[PDB]
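Shown next as structure tokens: one chain only, the form solved without the ligand.
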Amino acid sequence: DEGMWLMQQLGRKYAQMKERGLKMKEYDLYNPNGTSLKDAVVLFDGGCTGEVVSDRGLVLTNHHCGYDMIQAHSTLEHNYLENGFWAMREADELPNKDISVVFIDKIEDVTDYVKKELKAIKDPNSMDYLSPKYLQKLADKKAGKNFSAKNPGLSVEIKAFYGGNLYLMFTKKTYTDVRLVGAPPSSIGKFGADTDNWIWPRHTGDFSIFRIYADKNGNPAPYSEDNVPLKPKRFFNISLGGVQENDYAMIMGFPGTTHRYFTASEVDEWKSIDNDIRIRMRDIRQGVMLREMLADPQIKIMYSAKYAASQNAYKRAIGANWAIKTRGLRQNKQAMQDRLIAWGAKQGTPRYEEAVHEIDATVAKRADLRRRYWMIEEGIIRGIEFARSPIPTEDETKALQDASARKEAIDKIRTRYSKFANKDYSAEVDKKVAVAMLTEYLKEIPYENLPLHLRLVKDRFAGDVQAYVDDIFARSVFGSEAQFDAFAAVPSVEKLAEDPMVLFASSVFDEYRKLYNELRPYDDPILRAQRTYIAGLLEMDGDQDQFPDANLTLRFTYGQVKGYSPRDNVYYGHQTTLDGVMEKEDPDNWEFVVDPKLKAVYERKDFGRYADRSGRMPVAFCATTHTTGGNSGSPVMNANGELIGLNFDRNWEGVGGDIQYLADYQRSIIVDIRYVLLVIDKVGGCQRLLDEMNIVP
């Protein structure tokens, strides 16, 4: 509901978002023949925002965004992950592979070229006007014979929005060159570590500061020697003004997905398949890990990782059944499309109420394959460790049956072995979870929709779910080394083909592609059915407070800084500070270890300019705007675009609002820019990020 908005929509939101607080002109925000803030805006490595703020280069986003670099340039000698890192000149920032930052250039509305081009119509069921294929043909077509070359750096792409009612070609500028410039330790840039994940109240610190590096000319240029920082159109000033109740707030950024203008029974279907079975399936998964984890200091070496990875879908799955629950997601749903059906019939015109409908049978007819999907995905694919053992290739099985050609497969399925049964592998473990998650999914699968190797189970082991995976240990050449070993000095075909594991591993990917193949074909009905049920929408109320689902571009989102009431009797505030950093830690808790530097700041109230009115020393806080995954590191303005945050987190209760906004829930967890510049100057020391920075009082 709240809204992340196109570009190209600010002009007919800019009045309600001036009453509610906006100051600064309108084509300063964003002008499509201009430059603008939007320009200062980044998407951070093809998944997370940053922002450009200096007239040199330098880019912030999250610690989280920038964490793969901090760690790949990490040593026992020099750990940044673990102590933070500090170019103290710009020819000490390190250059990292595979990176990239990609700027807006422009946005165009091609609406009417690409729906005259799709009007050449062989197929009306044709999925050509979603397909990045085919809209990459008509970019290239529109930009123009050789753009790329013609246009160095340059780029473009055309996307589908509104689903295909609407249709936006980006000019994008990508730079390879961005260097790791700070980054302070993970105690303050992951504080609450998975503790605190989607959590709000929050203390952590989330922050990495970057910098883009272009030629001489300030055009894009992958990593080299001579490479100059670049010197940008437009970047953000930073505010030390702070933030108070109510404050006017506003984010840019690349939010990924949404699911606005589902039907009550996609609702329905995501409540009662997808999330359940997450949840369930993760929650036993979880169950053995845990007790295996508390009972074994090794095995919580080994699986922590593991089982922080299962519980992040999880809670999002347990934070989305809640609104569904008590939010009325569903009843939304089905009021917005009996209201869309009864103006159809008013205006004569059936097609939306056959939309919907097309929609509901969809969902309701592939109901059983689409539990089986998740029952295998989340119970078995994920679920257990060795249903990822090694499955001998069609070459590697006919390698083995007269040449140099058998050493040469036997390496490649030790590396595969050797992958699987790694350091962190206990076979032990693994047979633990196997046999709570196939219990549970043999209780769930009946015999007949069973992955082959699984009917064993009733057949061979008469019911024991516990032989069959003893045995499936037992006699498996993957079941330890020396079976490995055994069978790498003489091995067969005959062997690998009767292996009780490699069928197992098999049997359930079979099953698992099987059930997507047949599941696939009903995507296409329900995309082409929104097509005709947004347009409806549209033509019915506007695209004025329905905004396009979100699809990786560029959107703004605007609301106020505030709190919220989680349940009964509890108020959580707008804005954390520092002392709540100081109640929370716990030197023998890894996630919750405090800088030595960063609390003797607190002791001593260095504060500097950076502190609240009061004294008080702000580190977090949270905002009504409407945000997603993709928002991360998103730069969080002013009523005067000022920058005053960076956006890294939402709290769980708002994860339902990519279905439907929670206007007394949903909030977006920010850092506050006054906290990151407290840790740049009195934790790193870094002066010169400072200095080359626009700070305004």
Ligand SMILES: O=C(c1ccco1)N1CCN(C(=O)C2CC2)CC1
Given for the second form:
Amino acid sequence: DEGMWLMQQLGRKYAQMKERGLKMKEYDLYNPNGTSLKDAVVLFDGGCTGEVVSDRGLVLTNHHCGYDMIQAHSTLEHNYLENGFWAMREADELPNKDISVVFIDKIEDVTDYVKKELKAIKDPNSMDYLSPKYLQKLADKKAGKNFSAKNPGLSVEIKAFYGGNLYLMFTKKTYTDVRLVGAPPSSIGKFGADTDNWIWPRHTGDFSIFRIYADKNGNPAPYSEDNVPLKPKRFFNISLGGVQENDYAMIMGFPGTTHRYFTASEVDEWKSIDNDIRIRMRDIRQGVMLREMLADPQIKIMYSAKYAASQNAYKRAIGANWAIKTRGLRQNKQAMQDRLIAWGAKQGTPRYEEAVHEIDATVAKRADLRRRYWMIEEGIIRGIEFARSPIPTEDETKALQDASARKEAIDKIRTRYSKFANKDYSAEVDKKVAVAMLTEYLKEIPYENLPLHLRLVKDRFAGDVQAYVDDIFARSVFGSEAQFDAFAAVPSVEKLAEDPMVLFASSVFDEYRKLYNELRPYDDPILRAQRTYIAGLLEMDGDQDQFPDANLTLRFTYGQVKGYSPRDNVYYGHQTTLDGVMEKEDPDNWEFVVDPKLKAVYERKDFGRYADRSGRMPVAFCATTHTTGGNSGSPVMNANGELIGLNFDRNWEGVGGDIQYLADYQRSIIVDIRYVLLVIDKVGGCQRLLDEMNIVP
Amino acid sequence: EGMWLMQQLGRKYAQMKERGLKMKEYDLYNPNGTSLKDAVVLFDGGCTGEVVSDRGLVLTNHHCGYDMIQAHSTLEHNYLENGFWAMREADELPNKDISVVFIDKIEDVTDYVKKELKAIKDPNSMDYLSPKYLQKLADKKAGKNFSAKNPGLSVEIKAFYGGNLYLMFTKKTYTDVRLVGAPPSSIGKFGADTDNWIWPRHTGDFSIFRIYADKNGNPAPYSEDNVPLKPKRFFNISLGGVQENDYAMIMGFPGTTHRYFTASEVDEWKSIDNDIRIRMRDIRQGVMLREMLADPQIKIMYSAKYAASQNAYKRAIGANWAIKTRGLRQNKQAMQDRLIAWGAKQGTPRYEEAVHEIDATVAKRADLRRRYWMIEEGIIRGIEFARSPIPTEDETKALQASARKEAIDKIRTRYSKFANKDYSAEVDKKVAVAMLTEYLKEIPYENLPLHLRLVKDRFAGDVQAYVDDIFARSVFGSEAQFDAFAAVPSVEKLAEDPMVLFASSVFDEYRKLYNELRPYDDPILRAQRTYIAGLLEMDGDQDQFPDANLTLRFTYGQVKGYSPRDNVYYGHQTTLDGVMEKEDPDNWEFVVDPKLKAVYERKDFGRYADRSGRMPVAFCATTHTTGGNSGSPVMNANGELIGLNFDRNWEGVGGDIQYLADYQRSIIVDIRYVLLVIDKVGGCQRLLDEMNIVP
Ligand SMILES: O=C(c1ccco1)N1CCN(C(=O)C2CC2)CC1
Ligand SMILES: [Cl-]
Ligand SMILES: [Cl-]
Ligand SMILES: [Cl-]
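Mind sharing the form solved in complex with the ligand? What's above is the form solved without the ligand.
Below is the whole assembly, all chains and molecules, this chain first.
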């Protein structure tokens, strides 16, 4: 609903934005033929958003976006992840390998051009209209001969929108010398840690600071000690006026994916297959894992990251299923398609109804296969660690069956075994997880649909899953270090070909690939029918109140700074304060430890000009803007386009917002810029960063 | 902020009127006439109730009438799960061992008691707080045969303000109190233990009884000839509901408070009582929950034991949160420093000397009190085999006449009650191993119960081996082991039994500690009499309420929510929509009654829904309540019944020491929801018809 709009759509939305509180001129925010605020927004490291906040190329993004760079520069002597990092001079800023920042220099509507090129149809069922390779050939044809060589730093890209009904060409300027400037300690940058992931109220100071470097003329250049900070076209002014309830707020960023045009049958499938299987399987896996971590402190160390990684999409699936159950997502998709079908019946065009029918029939036909795919992927591929145990390659098997190439094959198999059975791997914990996961899997998937090796549970082990799992480890070459070393001393192809763990791993990966290959053909009829479906929706209600699905391209969203009621008699306001950080402090819980410098700032009330009118220190706020994954680090703007915060998360109640925006529950979780400036100032002491920013009263 | 004596209504009336009270002072409480006070009862010795009709109908909580509902429940008529609704007066069920107490008269007898006390002689005498001594004074004042001349009536004198004020109560007790109605446990106990001490709350915590009496309305024990009581006063039911900031008041019987604790007593309560209970119960509950989650049969056997341990565990967590965040220690220190400065100015050092006596007594008993709480939480309540059978002196002087079979039958009966259908020796061994490991780390060898010295002396510090040996060799370790003993019993076998020796040794230490600690109570009590006398002489009795002591009190405040933490607000009222949001059919605690779910779907709310069409369930207020206030009537500015108190939020449990204006709330079931359940769930129209319902 309240969407993720193309920059092209700013003109037709401007009057509504102005009535909602926007004060800046249209072309100061986005001008297709000149400098605008859009020029200060970047795609940070391929998956996050960032923003230029100074005339010397300073960039703000999330702490979780700059996390890998902070970690790569951290050592036992200088742990920047734990204590933070504050370069006191430009020369002290740390270079980063494999980093990039992408500016969206120009955006052009190329729909007529692409649709004319597509008319050279050899097959009406061709998927070239969505092919990155085909669209790149069209982009290169339009840009010119050797565009990259004639315009160093620039690149051209064409993307499909609205299921293939609109095409845009993007001219991108990429910088790869992006240096680490500053970061708060992890105690501030990831205060809630995994406990507060997807949670509002939130008290996390999720920010990090970088700087774009370039050659003498401000042109992209790879890392060089001769590189100078970039003087940009445009940068954000920082506001210290703060936020109040109902204030207009807007974001620009790169939301990755949405499913706003799902049919009601696709919502049912997402719930009953994707989400229910992920929920059921991850709850079993996490339950066994948590019992083991709580019983042994060494298991807690080894499995904490694996447990946290499994919980993230588990919580998302719980939040999404809550929306399907309580917010009528299925019903609203059904009403959307019924309205198009009725309109098509009056227009004399049955193609829209035929398109929705094709989608329903394809969804109904692939149900059993998709259920088997999610069951094996969640239950075994992700669920059981020994599923990713070493499988000897065709060349490794050939090598072991007269040359020194045998010792090469054994060293390659050993390297993979050592990575599988690493310092974090527990065979005992894995056997307990596998016994619970396989018991559920064997209950859901019938004998004739099982991966060949799992048929042994009934055929050889009399249905005893524990005995089958015990036998895999007792007899396998990868069951223990001593078992691998005995194999490595006297290796034979015959031993590997009959190895119970190799056979299990090969069997489950064979079934996983067979299911993927059987399911792949069903994607194309749905994609082709969605092109007709979305064309009808656009022709009927206009490209005015229905936004194109997110596809990792630059979008804007607007709303207001506003809290919400999660449940009966409970209200979550629009703003958190430093008090909330102090209430959550737990020194014996690594997630909720409070930085001593920050604790003293709170006690002394050394808030300077960053505190609100009442003298309280703001930390974070939430807004009715429509965001998703990819929007992490996005600039949050005032009615005047000044920076008031950075988006860093969204509440679990609004995760169903990827299918249907939830006005009364969905919120973007934003770190207040006043808190960002307080941490740089009072925790980092990095005055030079404050001085180079343009701070407005 | 307080729990005021009825005598203090005159002094508080002007403030109550400015806060919204509309009723006349003597219509609420009249010392020599009929008033609203005459419709409040002490229900079954520990709860509050209220008369709501001219035929003696009484409302109280579902958890207050729980034992009576359970005693009348069978597999054929399970009233606990299905509810109970007597469709005629003759169908109302009698209850053995039940009582309702009316407070007929209250008199200040301070001068009388203090004059009688002047003839003591021993200055340290504790007769000024003795129930026996005060009863002798009560009998002397009322008359020799008072209860014979005034049937159903009895007198009682209680001390207040640490012995600085005395009141005589004339009580009328009725023991024929019949069960009339109750919602199913799914409504009466909706949150079950998960929502205990929790606001927002969606529990319809109510049950209905009726007072029966003889032909003249006089108390009489159960008789089929008994007729319903026509009371002199009953509450009118209001259907006008509540709004945020509305004046609310309660009358009831709060049991205990510690409003005059010194700062050293707050430190002791935190560092000994609460920290030990928290640490020990967390270990016990952790092992118990692991076992209940791994075996569904263990979950059935240990659910009630787990829930019983959690209740005071949660209270202790809430109390320690207040000590840590609300400055309870600091405010007590400021209170005593202000009295000490005032005493220094007046030239009276007795108040400073009294605070010093309390501090020195608290400091002197620290190690003993730590050892007491450690054994009580760690072993007496922590380990089930601590309450295993200990052969009596009569039983040992019988095994070594042929009444050896009678001794074995008595020991067998006790063994069968210890190792019952809910007892798991394996679960108990795991709990004991974790509890004793912590206990042995905290209590040094020279302070251990004699049998626990064997962990170091005989078992090389292996707690698991010591516990395994107790069960392997004990006659109470298994059924087969008991039966082998019962066939060939000898006193020598019992005298050397590892479980008997453990149980005897831990109970000996527990009693020795209790006996060593008991003498420290008296100097503190005597010093508190002087301390509270000074506080009252300095600042007066009109802000400083007397500690709760299971006597009738009133409290007033407003219907108001609160902010539990940064950016979170809990409103003043919950709705039926909140019950539906919490529904979980595969969680026995959050199952929703089908008749109630249907009422919500069809919106069959009648005259009970609010102005917006939403059905209220519960509300909260800034009244000051504690244990004993369960079932208390909640009144309007006009004295009409708007709800029943049934709980208080965990954030306000520190309110027994210091009232917490911004956090402490009484959790009340809305009377509109009570009527909705009687009407649409129970179908008991006759109960609605006999109540006086005001528009
Ligand atoms: O360090 C290793 C290891 C294995 C292979 C290379 O390093 N491990 C894994 C297994 N571990 C355990 O299971 C701990 C007893 C709990 C922790 C030690
Ligand atoms: Cl058509
Ligand atoms: Cl909504
Ligand atoms: Cl009466």
